[PDB]
Amino acid sequence: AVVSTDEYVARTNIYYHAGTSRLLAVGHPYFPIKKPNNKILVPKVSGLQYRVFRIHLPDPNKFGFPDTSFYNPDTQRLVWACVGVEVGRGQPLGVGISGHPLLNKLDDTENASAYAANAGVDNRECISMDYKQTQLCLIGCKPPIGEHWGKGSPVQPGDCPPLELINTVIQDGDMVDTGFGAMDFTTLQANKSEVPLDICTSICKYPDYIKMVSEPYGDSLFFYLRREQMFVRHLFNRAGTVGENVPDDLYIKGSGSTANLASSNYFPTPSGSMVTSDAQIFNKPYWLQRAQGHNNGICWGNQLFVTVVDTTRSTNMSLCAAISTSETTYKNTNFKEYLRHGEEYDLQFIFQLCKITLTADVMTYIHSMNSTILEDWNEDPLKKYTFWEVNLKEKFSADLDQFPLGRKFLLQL
Amino acid sequence: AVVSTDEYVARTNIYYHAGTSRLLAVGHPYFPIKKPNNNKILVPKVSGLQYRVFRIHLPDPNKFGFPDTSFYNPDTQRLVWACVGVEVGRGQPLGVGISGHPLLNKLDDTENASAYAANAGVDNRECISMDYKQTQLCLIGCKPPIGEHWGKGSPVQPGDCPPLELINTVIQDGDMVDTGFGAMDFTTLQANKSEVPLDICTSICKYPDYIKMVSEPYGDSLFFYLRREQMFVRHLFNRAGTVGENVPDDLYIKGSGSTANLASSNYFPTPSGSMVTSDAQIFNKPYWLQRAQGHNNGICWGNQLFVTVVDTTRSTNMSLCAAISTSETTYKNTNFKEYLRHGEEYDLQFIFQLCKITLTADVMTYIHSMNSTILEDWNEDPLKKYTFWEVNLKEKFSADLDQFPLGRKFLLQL
Amino acid sequence: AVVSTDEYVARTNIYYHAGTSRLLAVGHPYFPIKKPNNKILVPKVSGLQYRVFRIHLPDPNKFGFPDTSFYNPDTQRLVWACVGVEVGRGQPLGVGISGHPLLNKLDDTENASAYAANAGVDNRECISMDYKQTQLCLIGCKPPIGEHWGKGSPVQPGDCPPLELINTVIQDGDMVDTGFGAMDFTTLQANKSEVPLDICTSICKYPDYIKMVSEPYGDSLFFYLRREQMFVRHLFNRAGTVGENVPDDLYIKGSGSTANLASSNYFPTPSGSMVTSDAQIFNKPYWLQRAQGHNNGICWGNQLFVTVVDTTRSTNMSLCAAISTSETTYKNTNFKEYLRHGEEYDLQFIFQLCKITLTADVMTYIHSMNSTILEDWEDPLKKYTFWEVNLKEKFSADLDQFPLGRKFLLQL
Amino acid sequence: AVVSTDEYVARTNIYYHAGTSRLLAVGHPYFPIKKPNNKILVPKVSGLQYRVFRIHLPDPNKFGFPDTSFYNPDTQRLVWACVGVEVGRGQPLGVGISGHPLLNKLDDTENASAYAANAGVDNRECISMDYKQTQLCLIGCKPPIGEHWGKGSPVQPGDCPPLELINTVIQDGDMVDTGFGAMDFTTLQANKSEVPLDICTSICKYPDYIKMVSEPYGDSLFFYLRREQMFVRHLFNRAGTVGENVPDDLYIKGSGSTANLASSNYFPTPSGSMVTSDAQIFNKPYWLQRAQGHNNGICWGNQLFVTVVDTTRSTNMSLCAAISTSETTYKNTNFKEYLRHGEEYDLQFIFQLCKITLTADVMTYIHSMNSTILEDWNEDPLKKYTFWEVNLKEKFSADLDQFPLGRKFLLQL
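Chains as they are written, first to last, in the deposited numbering: chain D, 34 to 69, 71 to 188, 194 to 417, 452 to 486; chain C, 34 to 188, 194 to 417, 452 to 486; chain B, 34 to 69, 71 to 188, 194 to 416, 452 to 486; chain E, 34 to 69, 71 to 188, 194 to 417, 452 to 486.
Since the hints were made in silico from the structure, they are not lab data.
In this text, a Cβ means the ideal position worked out from N, Cα and C, and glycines have one as well.
It cannot be assumed that every hint is accurate.
[As the list claims (entries may be wrong)] So these bits of chain C aren't anywhere near chain D, every CB distance computed over 10 Å:
hint, residue
1, 204
2, 310
3, 472
[What the hints assert, rightly or not] With a straight-line cut-off of 27 Å between C-alpha atoms, the simulated DSSO-like cross-links for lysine-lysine are:
hint, chain 1, residue 1, chain 2, residue 2
4, B, 68, C, 185
5, C, 185, D, 250
6, D, 68, E, 185
7, C, 323, B, 323
8, E, 250, D, 481
9, C, 185, D, 292
10, E, 370, B, 292
11, C, 466, D, 292
12, E, 292, C, 370
13, E, 323, D, 323
14, C, 250, B, 466
15, E, 250, D, 67
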């Protein structure tokens with residue numbers, strides 16, 4: 034049976050403060066910019083992406099403490115334990131808009147309109163919408179897990200793909216669900232125009248809270264917060280050949296214009312409503328004094344993983360340049376337009392040192408839980458994923474009161 | 034007089050944890066698909082507005098192996114389970130779904146009319162869609178829940199208005215919840231077949247009968263219940279068919295010319311659920327049934343439970359399409375086929391407590407009056457007429473609570 | 034000098050539970066259906083009507099108690115007292131719609147973008163709106179007293200009717216305020232097209248809380264709850280000759296198309312916004328453990344009056360019957376449309392018995408307060459129409475057996 | 034190692050009250066009225083500007099106290115401490131409107147709309163929008179710090200300017216972020232028609248809370264409230280040549296009408312939603328009894344800086360004047376129309392006298408913190458910016474009971 038860390042991990046009264054300072058990212062909000071080579075030139079930085087920071091801590095065993103009388107190195111080892119965190123967001127509150135120049139939309143079904151689509155071969159329209167609002171922060175010593183609907187195990196051309204639920208590690212840059220569902224658009228929509236431009240060739244992953252919480256050791260989730268909201272803004276219709284005809288027992292055949300049924304593939308456009316300062320999750324200190332799982336904040340392997348989504352600062356900046364200044368009158372051809380998005384972060388942590396007695400039972404338990412720890416204490454499995462590497466090896470300071478999160482921690486212990 | 038369970042049922046320190054990890058359903062949100070040459074369904078109907086009535090089977094304690102049996106004397110006592118905790122996980126992103134009818138019976142928009150409408154033709158049906166009234170609920174009990182709807186009552195010129203009766207019946211898995219058009223039996227009360235959206239035009243929309251369930255003398259049907267719903271009118275519309283009841287002359291002054299003939303007066307609103315938000319969630323949150331409203335304080339008579347869940351805050355139909363030919367350079371509508379699908383994810387966790395009953399003469403006669411089958415089972453299925461999402465927990469019981477999250481929460485709560 | 038009832042009404046430790054069970058009503062939401071005969075074939079059941087129940091409690095003096103050691107049956111008398119109540123509502127939450135096929139509406143003034151053409155002979159249009167949301171529950175031993183602006187008495196034809204604040208007794212079926220004001224429409228609007236179809240000939244009364252509270256004995260109101268909410272959805276204009284010209288000093292004369300002022304009689308269409316379960320009043324027990332007035336819950340004369348308004352369950356349901364079933368193609372003439380509404384109620388009470396000593400001071404005070412109380416030891455309320463509820467045979471002593479009784483025992 | 038003020042500053046039980054009692058500003062909401071010359075006849079007063087009050091206090095060492103037995107002048111000095119503040123606001127609540135006669139706007143991408151035949155060149159419309167709602171009140175003994183995107187380090196004409204996060208001192212009259220992002224429009228948008236008229240040639244700055252809380256001594260900020268909300272009202276589209284074509288991987292080529300993609304530079308128009316009285320920050324006393332940082336309200340140099348933003352009292356009033364009064368019918372040409380905006384402020388403070396012993400270590404610490412402190416105790454460096462100078466040298470009063478803020482303070486004791 035699994036046992037809580039507090040049952041075999043002794044905590045000490047030594048605390049440290051580590052911060053990242055300003056972390057900045059600027060780029061296009063929809064797609065990466067590159068010129069003909072596949073190398074990027076301006077990365078894709080959007081308000082609806084996951085930011086998974088892989089934080090590296092100094093090795094406490096080899097760390098140069100001012101004194102070493104608080105433990106016996108011959109029969110004990112040291113590990114860090116997170117007891118406080120603060121995610122700092124700097125940019126002003128705002129709401130960003132994304133859309134597709136050729137969205138697959140036939141006509142508006144919410145209410146009869148003056149003009150209706152004339153059928154034809156291509157009815158795609160230029161449509162944009164604001165997305166579902168989200169805010170989540172997961173902290174753990176292992177990568178988070180997400181779930182999405184992808185193509186299942188494998194007929195005629197155009198038949199409905201099999202549908203399956205897949206779990207995969209969330210990475211930096213993975214798009215969050217946006218009101219169209221958590222699904223693998225690239226493969227489940229061969230049309231390539233069902234959803235806005237920034238997700239039509241990407242996967243929208245949603246955290247697997249059930250799986251992460253229910254796992255035996257609770258490494259993946261010490262603490263987590265979430266907030267979501269959305270309401271339908273407009274009700275639209277889809278175009279294309281009908282996959283399955285409506286059963287003839289659900290309606291009575293018409294005559295004349297109504298002889299042919301209109302498309303019944305309805306889809307709404309989400310909307311985040313208001314972003315307000317009272318509903319914010321960030322810029323506040325979260326105390327991890329007691330976690331849900333068995334891992335009570337121990338950072339096994341000298342690592343942390345802070346996943347953040349914040350769509351309440353997703354304002355894109357219109358940006359224009361003039362080809363020539365000789366024009367005294369405005370001309371559309373004379374000005375080039377652009378888009379950009381800026382993200383600002385600042386992570387503060389409070390770490391409490393802990394020591395572990397290496398008895399036979401403890402060693403066997405630690406080996407069963409994860410064999411890597413014992414080898415460490417004397452290739453990287455996670456070095457196939459993209460994380461925002463954050464290095465704090467040279468940024469530990471023991472005088473807590475010198476920093477704001479340190480002062481807050483001291484006021485409350 | 035009827036005694037509370039805690040008056041003749043003794044509780045113990047034995048606790049257990051049972052789980053139903055990752056129940057999953059995928060189907061079409063409006064109707065079941067089936068090849069014409071057969072009635073067998075290739076894709077079930079799985080909408081976000083359906084009742085999910087799980088029928089949970091427990092391992093009967095009387096024939097359940099324990100490490101110790103000193104807590105009861107077998108020949109003069111019988112064991113039972115008592116639900117002291119529950120949680121209904123919901124592992125999908127929040128979202129709102131859309132429904133509609135390609136030939137909805139809508140004549141005019143009577144909200145901001147600017148000129149008197151023209152006379153209706155032979156057919157005026159239009160393709161219209163709308164989101165539904167938001168709803169959440171969770172009923173837990175040892176008997177199937179009871180719902181209500183307005184059906185065709187006991188009995194006539196052809197076309198006369200059907201009489202209305204209030205009918206009580208057992209809610210089953212797959213039934214439709216009221217969506218803002220009232221809890222009625224559309225199939226029989228609307229011969230038009232185009233009054234309401236496509237997913238309820240031939241279905242009964244039931245509503246739980248809280249009054250009747252709570253007035254139940256034994257309180258079996260309802261240990262614990264939650265409900266939260268909201269709605270507002272998005273649009274105001276008109277109906278097209280002829281009028282069965284003319285407006286009385288005394289309610290208006292006769293018009294002339296264009297206004298000589300009255301427009302239809304059968305107004306109907308289109309519901310709207312407004313925002314779905316995380317703070318107002320009912321799920322992913324433990325519930326302690328330590329004090330039931332009725333006399334039955336969570337005793338699972340017959341080794342059964344019934345967890346009814348409705349959750350329209352995670353209804354997000356996902357459009358997905360497949361191309362007939364991939365060797366295409368320009369977009370063609372005829373080259374793509376469009377589909378709708380909907381997926382639901384559940385995770386039920388329970389904490390059960392063992393209880394024992396002394397089989398004295400008074401207890402035996404009282405239990406016989408309560409339900410004759412208890413004693414007989416303590417030696452055909454009556455509920456073999458309904459469709460429930462069967463869940464089997466005979467092999468899912470484990471004593472160590474701290475190994476599971478709900479167990480850890482329960483331990484911390486003591 | 035009026036003394037609280039507890040100064041001469043000594044309470045006991047006897048409690049009873051009375052419940053009406055399912056009370057059901059079905060009918061048309063706008064007007065009563067009747068053969069063009072005066073008999074009503076289908077009543078008018080709407081979600082904006084008052085439901086004024088009249089509960090008849092059993093005569094405690096003649097009641098067959100099992101024990102009578104708690105009073106002297108020759109120098110004392112028994113009276114019922116209400117200490118708990120619960121109003122049960124069955125149907126699902128929803129919103130209804132009302133409208134007039136020929137409503138008096140000229141223009142949409144909210145966002146007018148070009149000066150309108152002069153009104154013709156008849157500019158009436160089909161328009162509907164959802165009404166202001168309301169909920170209330172008044173309980174007392176006398177019928178409630180509402181108010182409305184009726185036509186007073188003092194005149195050239197077409198002159199403005201005098202206005203007066205008339206005070207009357209609310210009755211079962213009277214329409215509640217809908218957002219157009221609490222006024223007598225049938226006399227103050229000879230147009231018969233100013234307001235929707237279900238109130239264009241009725242009186243929309245509003246409870247007179249000020250007067251009912253200021254009543255000396257506090258009979259009319261032990262306990263009351265209220266909630267309302269509305270906002271303007273559209274800003275329309277009225278049609279018809281101008282009764283009172285706009286003063287010349289409030290504007291500068293227009294020229295050309297603007298030479299003739301547009302109508303300046305605006306009116307908004309109300310909207311009740313959202314109905315939610317968190318804001319619900321009903322399906323919750325109320326404990327009448329201290330009344331505002333002097334009458335502290337005593338049911339004089341063995342009566343109660345529960346007035347209920349609930350516009351959060353006003354869902355009208357569309358029915359449709361097919362004249363011919365052999366049609367393979369849809370035709371409008373082949374289907375007849377109907378509207379109906381269903382209201383479901385379930386009242387529950389807890390009654391505590393009380394006894395009163397029949398001394399000289401008590402006799403004279405009760406006489407000066409209400410003589411019929413002493414007479415019982452023509453019915454003045456015969457004129458009015460109430461939903462008569464009979465609870466003489468529904469009394470029981472086992473409070474455990476009923477849900478409200480269990481809640482009362484647990485909490486008190 | 035930085036020590037909080039209350040370690041070397043001995044507080045006393047002497048309190049004073051100072052206030053302005055009224056402050057008015059009237060001007061044009063959109064732009065200053067230059068004289069056709072350079073003199074500004076009417077300033078630019080808007081509800082979306084920063085109000086940075088530079089408050090001057092009497093020098094306590096030279097102040098005329100009725101008694102001086104609480105300190106010895108030779109070995110001690112005196113300094114003011116801000117223990118209370120209140121920012122009054124006069125005008126009624128309301129919301130103002132801004133717009134551009136020639137805003138850059140091509141289409142309405144929310145829904146398929148109906149438009150006139152395209153002009154081809156100069157597709158600019160007269161558009162207006164209400165701004166994002168905001169409120170804030172920073173109080174410190176140094177001017178605040180703000181952040182905005184500007185033109186960064188160094194190119195064919197029309198290329199996208201580089202972006203950079205710049206920190207600059209906020210000044211009176213500097214505009215606040217409006218929902219279009221905190222950026223230097225003047226240089227980042229050569230079009231001069233991307234945003235409304237009152238920010239098309241200005242810098243929208245946002246307070247830099249991260250820096251203003253992370254500076255060591257915490258002088259710039261020992262109090263701050265913030266309250267902001269917005270939502271997207273409309274979803275428009277830009278007009279102009281595309282600087283970055285959509286990658287071909289994100290869509291399928293059209294034919295006929297959809298041969299050429301529509302503009303994909305979307306922008307939303309903000310909306311502050313409802314201004315309400317219960318959500319008000321002002322007309323309410325704040326007590327500065329526990330500063331976040333190390334400066335616990337000490338006003339070094341006898342100064343303060345109160346920065347206030349309030350967009351919930353931004354009602355512009357339209358005025359009209361008649362060229363000639365003899366006309367009997369209405370004519371447009373006979374009436375001129377103007378706009379004006381009026382602000383009202385009333386600042387009240389509670390000050391507590393303090394004293395510092397001039398020992399060796401104290402003097403060295405103060406010199407390291409700020410050299411000028413010891414010289415002041417015998452040209453202006455901060456007199457390079459613009460501040461709404463407030464002179465309270467003659468407003469201090471020792472009777473707290475005679476003023477409303479003092480009466481409120483005495484209840485708190």
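Each hint tested on the structure:
no. : hint           : in the structure
1   : 204            : holds, 26 Å
2   : 310            : violated, 8 Å
3   : 472            : violated, 6 Å
4   : B/68 to C/185  : holds, 23 Å
5   : C/185 to D/250 : violated, 47 Å
6   : D/68 to E/185  : holds, 23 Å
7   : C/323 to B/323 : holds, 24 Å
8   : E/250 to D/481 : holds, 17 Å
9   : C/185 to D/292 : holds, 25 Å
10  : E/370 to B/292 : holds, 10 Å
11  : C/466 to D/292 : violated, 51 Å
12  : E/292 to C/370 : holds, 10 Å
13  : E/323 to D/323 : holds, 24 Å
14  : C/250 to B/466 : holds, 22 Å
15  : E/250 to D/67  : violated, 34 Å
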